[PDB]
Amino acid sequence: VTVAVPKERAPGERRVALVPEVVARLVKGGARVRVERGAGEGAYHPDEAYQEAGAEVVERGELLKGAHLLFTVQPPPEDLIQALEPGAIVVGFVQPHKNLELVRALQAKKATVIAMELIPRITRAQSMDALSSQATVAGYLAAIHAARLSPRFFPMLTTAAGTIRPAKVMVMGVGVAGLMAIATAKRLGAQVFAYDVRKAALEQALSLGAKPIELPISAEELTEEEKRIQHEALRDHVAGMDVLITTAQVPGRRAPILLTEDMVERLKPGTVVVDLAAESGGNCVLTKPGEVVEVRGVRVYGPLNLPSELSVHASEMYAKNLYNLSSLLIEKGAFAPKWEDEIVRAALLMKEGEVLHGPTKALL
């Protein structure tokens, strides 16, 4: 098997689909790897370090010559698509809704793509979950940015000039990203609170030292009347916060509004919102994606591409995810795609140009 690795082109993308250490392991297992000149520069991995790992550092669009497996972060642009070579498998993030044009080009070229956002949440696939690994990065950076943006200390502090209270941080949406925001805001010494409609998620928060927000109806269909009492109770909680980190996203849908116009009016001047849901529209009505705005003294930040900010580790984890996915793409140095495997069945978005996952057929 020969595995190709492109230099990412999407504006502001700094990650690389494989890193040198991972490349070595693929080589030591009998695989061959070609890496575009400069592909790991965003992640501080020089061409020489790849060569050392046994890769040949080729020129772009010489890249797909050998060509059994194309490993990307973002979906491949057209220059690469055209260069595919029949029977090749594309493996990376696809995001049909964000990159429809490139998706229609992949099927027109009759290509085969395993979509990374489509890895199933089963335990056997945990080590392959790139959404999770990238969400961890995003979570960590959410918290760091919350501290950079806030005009107060996160930790409680005593000096000869007195003592200062710790900051009050609420994380809303306690999935993988939110858990790491909790872990990181807690490390910095903030009082941290957690809001999620699911009890299991809230138990995870409690475990990391976050105080769950308890609403009049408890975590696990609801009346318009019951919604109102939840809303008013959450509103009072949010008002008392020094920082809000919102992470609630729903695949192929607009993000839910969790920070409502009337909720935002009650935030004190000097509060910070780090809205991780900006990519799909934002959990907060104030948020302008990719920007930091300030209204009524409320600093609101909607980061896109946090993973690419932490490019060294984001790439390392992602590289490992792909390597771990490889055991079902590669057998004994050979190209042996386990088509019958549930992971591959769930993640295989198209085979020879035919679209195998419903919603993607609809958009096209």
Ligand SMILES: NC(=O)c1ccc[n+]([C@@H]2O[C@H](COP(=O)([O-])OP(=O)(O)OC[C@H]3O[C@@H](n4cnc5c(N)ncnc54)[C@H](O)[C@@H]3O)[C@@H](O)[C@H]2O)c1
Given for the second form:
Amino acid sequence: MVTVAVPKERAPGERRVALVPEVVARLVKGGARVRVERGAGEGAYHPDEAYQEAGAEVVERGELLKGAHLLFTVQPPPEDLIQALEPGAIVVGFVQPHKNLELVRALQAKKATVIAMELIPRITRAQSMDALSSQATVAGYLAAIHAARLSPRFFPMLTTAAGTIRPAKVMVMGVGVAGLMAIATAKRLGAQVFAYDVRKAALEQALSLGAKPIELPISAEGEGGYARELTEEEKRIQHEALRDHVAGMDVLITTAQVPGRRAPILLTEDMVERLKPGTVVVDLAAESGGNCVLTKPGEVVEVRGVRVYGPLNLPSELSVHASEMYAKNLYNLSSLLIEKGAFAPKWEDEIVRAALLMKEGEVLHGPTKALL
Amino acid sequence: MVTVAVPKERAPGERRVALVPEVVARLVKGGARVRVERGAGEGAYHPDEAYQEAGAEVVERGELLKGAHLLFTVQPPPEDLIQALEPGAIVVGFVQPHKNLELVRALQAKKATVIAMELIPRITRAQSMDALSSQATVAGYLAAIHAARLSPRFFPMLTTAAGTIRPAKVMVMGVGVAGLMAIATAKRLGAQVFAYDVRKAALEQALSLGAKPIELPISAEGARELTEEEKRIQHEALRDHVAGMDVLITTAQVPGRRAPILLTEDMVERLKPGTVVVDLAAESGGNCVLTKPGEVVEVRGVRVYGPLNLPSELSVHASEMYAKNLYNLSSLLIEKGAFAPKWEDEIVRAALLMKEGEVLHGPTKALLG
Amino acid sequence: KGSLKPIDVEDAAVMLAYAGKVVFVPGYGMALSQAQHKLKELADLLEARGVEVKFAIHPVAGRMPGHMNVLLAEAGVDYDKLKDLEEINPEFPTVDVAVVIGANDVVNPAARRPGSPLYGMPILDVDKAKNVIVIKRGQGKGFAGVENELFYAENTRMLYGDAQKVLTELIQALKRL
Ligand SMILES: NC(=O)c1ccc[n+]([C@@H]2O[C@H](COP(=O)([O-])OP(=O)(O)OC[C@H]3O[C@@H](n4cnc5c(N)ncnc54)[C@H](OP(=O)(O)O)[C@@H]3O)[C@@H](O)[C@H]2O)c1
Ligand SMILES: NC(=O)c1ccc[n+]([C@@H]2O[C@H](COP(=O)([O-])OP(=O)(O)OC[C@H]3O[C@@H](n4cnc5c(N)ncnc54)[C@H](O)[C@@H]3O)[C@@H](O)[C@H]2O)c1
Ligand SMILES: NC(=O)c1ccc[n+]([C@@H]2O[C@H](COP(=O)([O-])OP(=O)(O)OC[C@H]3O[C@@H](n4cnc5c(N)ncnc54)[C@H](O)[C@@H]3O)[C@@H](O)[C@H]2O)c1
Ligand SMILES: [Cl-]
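Now show me the form solved in complex with ligand NAD, since the one above was the form deposited without ligand NAD.
And the full complex, kicking off with our chain again.
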């Protein structure tokens, strides 16, 4: 009859919580115990009494992990919780080894078992558990909102007795889930939206939201979907064409990241230099370095009247709906950890196997081994 | 040759500019000379060379008013500009005596002539010149944008693998030009929008944009029937309709008066934590008691934003619309490139706040004593 | 097992002309086709003929969370017309015609079965409708790359074409009746 734990997050700017009241209520109706740190939900407007009314037990950090079989976290747990971990306990949450090397190294010493939410596989059974997608959706939405807030122009075409105003030209650079939602939200607002990505698939998906795919002289892709190794010559050409497309935009929303690497640069000093004063760059890749060379993580800078913003935790801004979706993701994942109220880790199950970063100090993820 | 002069706005945090280069070029082409203060359009991202390319003379501030018949301002002229005015010259801009009584007082002393842009009549005929309409549209747009930024919840409905996100319930209290644009923008973002006003016309306009009108019933044109039975009706009813809301955007204002308190304490106490209030009326007190003008506060998890000068945030399009409003008005001031004020016109008669120093607007005159 | 049974736009128009209850189920194909405005126009038209019209939105239809919602909202569809599958599933048996528009994986009965790659996906019971009309260009499979037994059911008929061109033609055919 398992007891699952949910802590108050500690990472800079983190206001999300791994489980919200309603989802905790169902886990308890389902016959599970839920230990929740004092005030873990307050960042997402879920007070301590809300969790009590859901059948959860609100306790102190340090007491949190006694008798606990499952740690459900948003960001990876700090040292103090890693020391509090018991034998057989499973850590479930984002881990992100490239940004949390020490916490991962520490997790070996205690020899804890961890399944990482970023490694939740992209197969149909795991769709309802896909935390990257849900959180990226929040980020993409807010990226567009912040873009409109920082821009000195209207997004929408406006016509009035005073005259006619063109819609803003927004380009989303990097079209994953965040990119798609950024497109969709800028499009609802009335902006003329353009899309840049190296994948034909991403570009088709951008077109399925009314965006105009930016098509460069050299196609970045070939048959098999393999990305072209571009010559230096070909590389000089893509850059110059993209520099020109980007120069004619009023807003750039950049979202390109690659698991385990610093964010690739999509806006270079020379490209930014060709942006008109008043232009706005909302750099979603700031959390892993930024696609824009001007970006200062966590800040809004303005250089040459180009306003560049590098937000670090957009999910934490939309904390209520971001938490709600994440909780459900974890709840759906708890399928493979809990059976009829019982601690039933299905190690056998692919979702567990693909996403299991560690098993009792043993590191199973290939790339995570290479880095450490 | 009529010379028009454009200053660098100097009021705290004002980034708009009265004319933008493209409007300057229309005037110059129509025969008018144009002088623009060094760096005037930098708040709206029009550099000096752009005004020069349009045919205007970019000059130093102390030089700005030599030979100029028309001074076009966004906010009222400061004293250094007031003093440099020639006889025969006419100041054209927002005046609003309440924020600037001592500058208005200063204008009558100098015996200057000024057209107040807030005294444009609110009729279809005048809408090309209507600076209140254009700038309120900007304000309403940015209100919704800010509401969405401050809310911890999605505006739109989203059906996802991780559950179904319901739309934000957004109530726009006070549906004038700002409010209606706030409805349209919240609607663009996927919110379910509700609309409250004391005037049925505003309610029909809001229905037409797809908002659900709130259940009335007062006419109050034009705090009239509002304070009939002293507005206990207003307070009573919406105390129920407000509690469901995720966002309240308030814009209610009455000319020359206190802005109505639509959000009392007992009312805000029923708002669920995470609720957002965007009080546009902050400039003349708030529609909400908790509003701290120019700031975001949070009490009991209710984020209350009292923005001042949203038009300045949208400096490019605010300036553009404003400049077009003036250009259009300038048709009643210029003849084939000649200084030809249309004293007779009923728009000029309504908006001419003073002439030769004498103050012609009743409510204003009264306040000068 | 069964068979692919093509239908003309005229044949589909007659089916919709006499339907009492119609459910639109849009997928990625609607979005690629940007057919949301024509689909809305069709829904308006059927309603004005007293047809009870609803939209079933699958949780993972399209290629991003809420893909169908953002497009349908763009086209002007009412939130009260958009039903999620727990609320609309039990209703399918009394649905005279379910018009599937550019959807495949989200209307595949195979997801009920544990062996199939689609197992885990919540199931939309469009196969329990009295008649199904599927709009897709031809033999293109969905994201998951599996074939659809729905397309082979006795009560399923295939309306081949680009989603918006088809819907446009359906509206014109229906206006003539
Ligand atoms: N929603 C999400 O967030 C998300 C993200 C990633 C993956 N997925 C997965 O993606 C799939 C979504 O399911 P779905 O039923 O919406 O799409 P789907 O199963 O990928 O099928 C799309 C169908 O659209 C038809 N089509 C394409 N273009 C068309 C056009 N112009 N006109 C008419 N039809 C057209 C295609 O066939 P033809 O070539 O014959 O026209 C194709 O069969 C699910 O497998 C979901 O698990 C979802
Ligand atoms: N769904 C997927 O297949 C997938 C794959 C990787 C990452 N992601 C995640 O999705 C989110 C969205 O980002 P994205 O993947 O849509 O960005 P993306 O598809 O645009 O790829 C990242 C960037 O890599 C650069 N790049 C790669 N090869 C290049 C080459 N040969 N020459 C020049 N440039 C090259 C491109 O500029 C590209 O924009 C990110 O958070 C990311 O972590 C998703
Ligand atoms: N051509 C046209 O027809 C045209 C164009 C633009 C504006 N106008 C009119 O100009 C007039 C003023 O517009 P504005 O945007 O400057 O208004 P405003 O800045 O004075 O804001 C007041 C708005 O809030 C409402 N309001 C005021 N007190 C309220 C209260 N106690 N409770 C609820 N709502 C309250 C008002 O009815 C009005 O709609 C309006 O009548 C508008 O219709 C007409
Ligand atoms: Cl803000």
